[PDB]
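Undergrad: Chain by chain, the residues run as shown.
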Amino acid sequence: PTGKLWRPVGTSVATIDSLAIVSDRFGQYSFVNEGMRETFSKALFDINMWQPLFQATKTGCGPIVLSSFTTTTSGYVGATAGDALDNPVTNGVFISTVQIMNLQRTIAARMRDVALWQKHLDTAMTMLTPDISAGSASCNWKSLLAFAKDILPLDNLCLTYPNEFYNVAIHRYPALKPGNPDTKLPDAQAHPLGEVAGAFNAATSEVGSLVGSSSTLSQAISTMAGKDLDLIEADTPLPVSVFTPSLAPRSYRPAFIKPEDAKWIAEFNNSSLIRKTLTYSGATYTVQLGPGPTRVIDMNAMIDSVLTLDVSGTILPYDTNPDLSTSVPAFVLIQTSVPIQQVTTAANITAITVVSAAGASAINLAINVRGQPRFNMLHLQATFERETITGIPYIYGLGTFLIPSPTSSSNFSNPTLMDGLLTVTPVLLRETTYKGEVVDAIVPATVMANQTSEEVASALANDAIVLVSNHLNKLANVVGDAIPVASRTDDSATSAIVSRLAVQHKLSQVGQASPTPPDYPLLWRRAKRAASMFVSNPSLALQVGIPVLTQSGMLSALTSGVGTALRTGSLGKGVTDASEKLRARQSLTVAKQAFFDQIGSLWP
Amino acid sequence: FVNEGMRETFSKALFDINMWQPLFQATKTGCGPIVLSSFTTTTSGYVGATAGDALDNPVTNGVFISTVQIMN
Amino acid sequence: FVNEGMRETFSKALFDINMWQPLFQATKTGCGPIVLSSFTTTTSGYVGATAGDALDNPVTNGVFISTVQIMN
Amino acid sequence: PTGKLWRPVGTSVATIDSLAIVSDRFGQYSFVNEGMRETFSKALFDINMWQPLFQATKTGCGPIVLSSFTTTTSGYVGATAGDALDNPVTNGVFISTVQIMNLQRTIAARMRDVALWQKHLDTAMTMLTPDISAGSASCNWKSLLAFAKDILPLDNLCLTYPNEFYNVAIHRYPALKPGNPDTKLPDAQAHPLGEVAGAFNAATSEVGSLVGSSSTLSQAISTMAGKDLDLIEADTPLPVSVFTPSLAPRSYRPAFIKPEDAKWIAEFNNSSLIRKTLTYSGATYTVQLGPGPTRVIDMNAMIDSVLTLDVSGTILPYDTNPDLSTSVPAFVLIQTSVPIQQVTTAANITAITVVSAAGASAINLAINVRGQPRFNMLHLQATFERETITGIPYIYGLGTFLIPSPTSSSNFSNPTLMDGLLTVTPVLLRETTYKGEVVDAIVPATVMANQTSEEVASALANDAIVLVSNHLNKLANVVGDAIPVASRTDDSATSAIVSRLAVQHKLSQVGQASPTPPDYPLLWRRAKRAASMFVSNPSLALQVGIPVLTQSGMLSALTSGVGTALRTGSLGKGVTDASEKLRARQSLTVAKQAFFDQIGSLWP
Amino acid sequence: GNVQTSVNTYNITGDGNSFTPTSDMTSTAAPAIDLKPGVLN
Amino acid sequence: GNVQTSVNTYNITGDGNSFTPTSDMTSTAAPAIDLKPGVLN
Ligand SMILES: *C(=O)CCCCCCCCCCCCC
Ligand SMILES: *C(=O)CCCCCCCCCCCCC
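Residue numbers (this note's numbering), protein chains in the order written: chain A, 1 to 604; chain B, 1 to 72; chain C, 1 to 72; chain D, 1 to 604; chain E, 1 to 41; chain F, 1 to 41.
I should point out that these hints are in silico values taken from the structure, not numbers from a laboratory. Just so you know, even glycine gets a beta-carbon here, dropped at the ideal spot from N, CA and C. Heads up, a few of these hints could be off.
What the hints assert, rightly or not - Restricting the straight-line Cα-Cα distance to at most 30 angstroms, the calculated cross-link-like pairs of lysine-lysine (BS3-like) are:
| hint | chain 1 | residue 1 | chain 2 | residue 2 |
| --- | --- | --- | --- | --- |
| 1 | B | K28 | C | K12 |
| 2 | A | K474 | F | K36 |
| 3 | C | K12 | D | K42 |
| 4 | E | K36 | D | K581 |
| 5 | D | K227 | E | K36 |
| 6 | F | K36 | B | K12 |
| 7 | B | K12 | A | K4 |
| 8 | A | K177 | A | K149 |
Unchecked claim - If you want the ones that stay clear, here's a sample from chain D, every Cβ over 12 angstroms from chain C, calculated:
| hint | residue |
| --- | --- |
| 9 | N33 |
| 10 | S41 |
| 11 | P52 |
| 12 | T80 |
| 13 | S143 |
| 14 | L154 |
| 15 | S214 |
| 16 | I221 |
| 17 | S453 |
| 18 | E455 |
| 19 | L507 |
| 20 | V544 |
| 21 | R585 |
Sequences and hints are given; from them, build the entire structure.
TA: Right, dumping it as structure tokens:
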């Protein structure tokens, strides 16, 4: 049973309506199921432990028995009259609301009390590493004590109550074994209150540490089910939400990104220059679109973000072409009639809006750093919005210069300030971008081995690629973490892949002389580096031309392997290299024993 | 076998559903409160992981849930 | 009052739903087969449209469906 | 109960599983509920009637009692073990499958038998209108008979069995009253087997006809709930499906439709001519875009349809400008760089595809019809598809001419064949079009009083307007039909509106001298023509500038009135003008009595 | 088509099933149930 | 907020209700139910 206890308000006959939460002057009795007593007992148990320090310091008020907050009522206990009717409990143990209040504020008040002392006991305990993980190692007690008698700073609490803290301590450190009163010798065994827990944390030499290897697994299992690593290369529309894209604002360096390497950025590849004009704040400036191609951020295929083009440390040659100086650098949109990459001359450019200029010309924004005047780090920045560009077939964001007077000097300059580190930040997660279009769902499998070397590094913050990369990256840490894809152990991961290579290379051999019986020693090893190359750089699985990894099978395969692989690790997964791991722990205890030996001499 | 703690879960899961009782009736979905005592039974025998070790767990009228039930 | 023919409809309607019994269990929705005899009653009195004419229809243990039921 | 009968297969105790459809050597007994016996009895009853003709002609096989196909089993009868458990029926009457087969093929075999005779009886019966609808009117039997003894063609069956058909007849026509054997006189009352039914169909002088007025109502009620007339001016997105658009291919006459009168059709309003070229089937032709504006079907905002531009009977002046002749007329798409209505000269037109040319020049397609050579009716025709125009910001469908050699003669011609009757047929109902955009849902209330006089007649086949017109049109026939919106009876329809005008004109009077107390005699009459103008031309309610009808209240109001109005008509709704209607029926019976009077003399 | 077993009295992939239309029994559930005001009561 | 009456023991617009957070009882149902392999069994 569970929930609050109910009782037949109509008396005797208890039906699915003659019940009612048995409330009263104390609040409502909620049932205390077996396991929920484990907690409140485990919590109180950790407080009772500090008994010797509560009396010493006259705080506290006696040991806290959980049997002081409960009661022994009886009735039907459920979550609702209907279902509570199927849990007739007699003399169960319930805790009334007003009690659920004290057991709370008591464990809270006492928790402070101890939390404090417990902190002093520690700066003194750990102040001599009472924990080794291979074999033993003593340190003659006299010295030890006479030593901490020093180190411990005058405001601890282990100097005001030595054997009032010691008695608390003995129950937390199975290192300190108190000398028995009637034989005046230790005990071999150490009996700290955490008897079992402390036994099951020792780094057992057979397998690393059960508490470790156990969690590193349940931890990975969490992720595997959580983010949705499963279904990682699913071939079908998936809401961007399914990718929980967060804290995702990637930055670049356009005016370098080739147009074909990333759809969201077209260029004005035209013969001559395209000097246009525009009255901005009265003054008339001339946008240039200089000698080179001047790659500009396209506006369509640009998920309403927060574009913030930073222009700093980048050269600013106002020294040579004086034409450049005087011009306030500024991010400006450019609506063109004919599609760009077909826009020849000025009459082609519909209009030009200065979405964000920089007050003060190019001769105050400068700063000489050895001849080559740089740009005082400043951030121009628009706030592009999907629909502010409705209808408008062609429009481009360009972080240019806005020259107040074009001249012969700036005839080979080309004032694109795009060489600066632009940082787009998708401000509306629901919508992603792929191959130049804005969508609401991705098709994972499509984005695999479909980008090129740099059609990946040039991805646009929160676009399929960047999403089908953030995803693999989780799955990449589950294998990297739990599975042993980094040793000659032909693990579950590199194993799922090997079975694909076989089934694959086996049918490609079917029909024709079949002169080559499948290899296997070579297949195991080829798939080992395939699974390994993945854990290594999760990204690669997106680039066209990557051995194994990019065939449709793998990944879809890998994950579902790694999947079941985590759901069976056992507990002693740590047996892997638990030999050198062990031998390394003995190595430490031998060096730490060496320490105790000095504590033992210096302070005799 | 449905050991003590494993009933805590299925009860804690069903408990969180029963809570929504007033909305199940309102919208004619659901089908009454889900008691975990509708999926189990009261068989008795030896319960272990293998004949060898199951021999040391004679349980009488324990509460087990059959496979087809562990399905519902 | 639920005259003979008006039971034909509500039965014909429920009949077309009971049919889907195997799919209701499979998918844990539904809540058992819907018998029309769960919404009615067996009252008895005079049943008409107005005191005057209801006086000429003494029905004993007829099958009537109460408003709140005609709702479910 | 209903369904097949089940019985406890496990015996005695019948639980929700110890049941099983009681099948066997005869099939499965399905229960025959009270009403379902009414049908099979009503069907057999109509066959037994023809008893005298079955014996006469040695066919048949005795009267068909429905009690010959059933049985008296007993068990639980439901649709499934679970629910059949709540219908314990004892000695119910079930019909086994193999029986449900005969009662079927018997009623079918016999039905043919009678269907035939029953047809002969008729050509003779109705061959003297035995049905009047006001007062009576006889026709001395001798004459009548001695008359039909003539007319009836030699292959009837009423001449081979006179009083073998007569006996069947007497039961279908309460007009023929047989003379009683032991008083040798009629009976006043006529006792045809359809005693009641025939009584309740007579046009009762108090109210037209119960059978009529009753149905004309249930009929309207069907529609009202069906199509979804309710919710007719709902203000919120509605799937086009909710409008069941079918059999919907509207035709026009572009090159006339103003661009602003219908978004799906832009025009090349440019100064000079825009002669372009294109190699079509080797030969090089020149698309013209002549002197005038040349309105062309825009491609975007064009729901992938089946455009079929017919060019017939329309002038073809190859007589004057010889330039026109020789050019094969053809529907051609035109992708322009700069948006049309901004496309000045040839270099602007990206490309031109001849989506469908007409084989043979303009001098074989002609046909002289009094000087002015016309176009031999022929249909050019593309099959535009939403996505075949993906990306392509500007593209237009144009049914032009394709001149093989532009000349001075065709300098004021302008070869747009759009003056022809184009017929677009939406080939993909799911997607509609509104104000130039393609959507999947309409917002009804939005399309009311939002189109102009012709922003309606220029609507594009299966576009919101055409959908929010097909809808009102149903609701327009429900009122036109059921409700009396065509008499001074201030009906439920014109009444729902009057209450809106009041509540409306009443608050517009609130605040300020309120010198005008609402009228009402003038409001009733104004709303009467408002509801009337609607029934009249349902469309109007879309045009901006229509009195009353176009205020947001009405319609949303009207329908919900007309709604409840139909759900209460009573049965005697026909009482409306049931006076002149009656007086007109007596008028007919007086003229029909006049007929019987001649049948009575000529053939004595 | 994976075997079920009891949920429903028939397996789909069950032994000797048989798709076979007969002009005689035109398959039909219950769509035209009458509910209009006068007719439902 | 239209009156209901019995469906549920409390009316929303009912007499003397009271929204009033208390730092003391942080509202919470049951989200973290443990089901992982080792822990569920
Ligand atoms: C297992 O599910 C394999 C697929 C066989 C049946 C799937 C559905 C197609 C056949 C329908 C049978 C029920 C009525 C169509
Ligand atoms: C009637 O429904 C009027 C609206 C008042 C309550 C509607 C929902 C908003 C308040 C929620 C109460 C339940 C938990 C939020």
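Undergrad: It remains to establish, for every hint, whether it holds in the given structure.
TA: Each hint, compared with the structure:
no.: 1; hint: B:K28 <-> C:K12; result: 20 angstroms, holds
no.: 2; hint: A:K474 <-> F:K36; result: 19 angstroms, holds
no.: 3; hint: C:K12 <-> D:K42; result: 20 angstroms, holds
no.: 4; hint: E:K36 <-> D:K581; result: 28 angstroms, holds
no.: 5; hint: D:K227 <-> E:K36; result: 15 angstroms, holds
no.: 6; hint: F:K36 <-> B:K12; result: 15 angstroms, holds
no.: 7; hint: B:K12 <-> A:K4; result: 13 angstroms, holds
no.: 8; hint: A:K177 <-> A:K149; result: 19 angstroms, holds
no.: 9; hint: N33; result: 6 angstroms, violated
no.: 10; hint: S41; result: 15 angstroms, holds
no.: 11; hint: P52; result: 33 angstroms, holds
no.: 12; hint: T80; result: 5 angstroms, violated
no.: 13; hint: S143; result: 47 angstroms, holds
no.: 14; hint: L154; result: 49 angstroms, holds
no.: 15; hint: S214; result: 17 angstroms, holds
no.: 16; hint: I221; result: 16 angstroms, holds
no.: 17; hint: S453; result: 49 angstroms, holds
no.: 18; hint: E455; result: 46 angstroms, holds
no.: 19; hint: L507; result: 37 angstroms, holds
no.: 20; hint: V544; result: 45 angstroms, holds
no.: 21; hint: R585; result: 32 angstroms, holds
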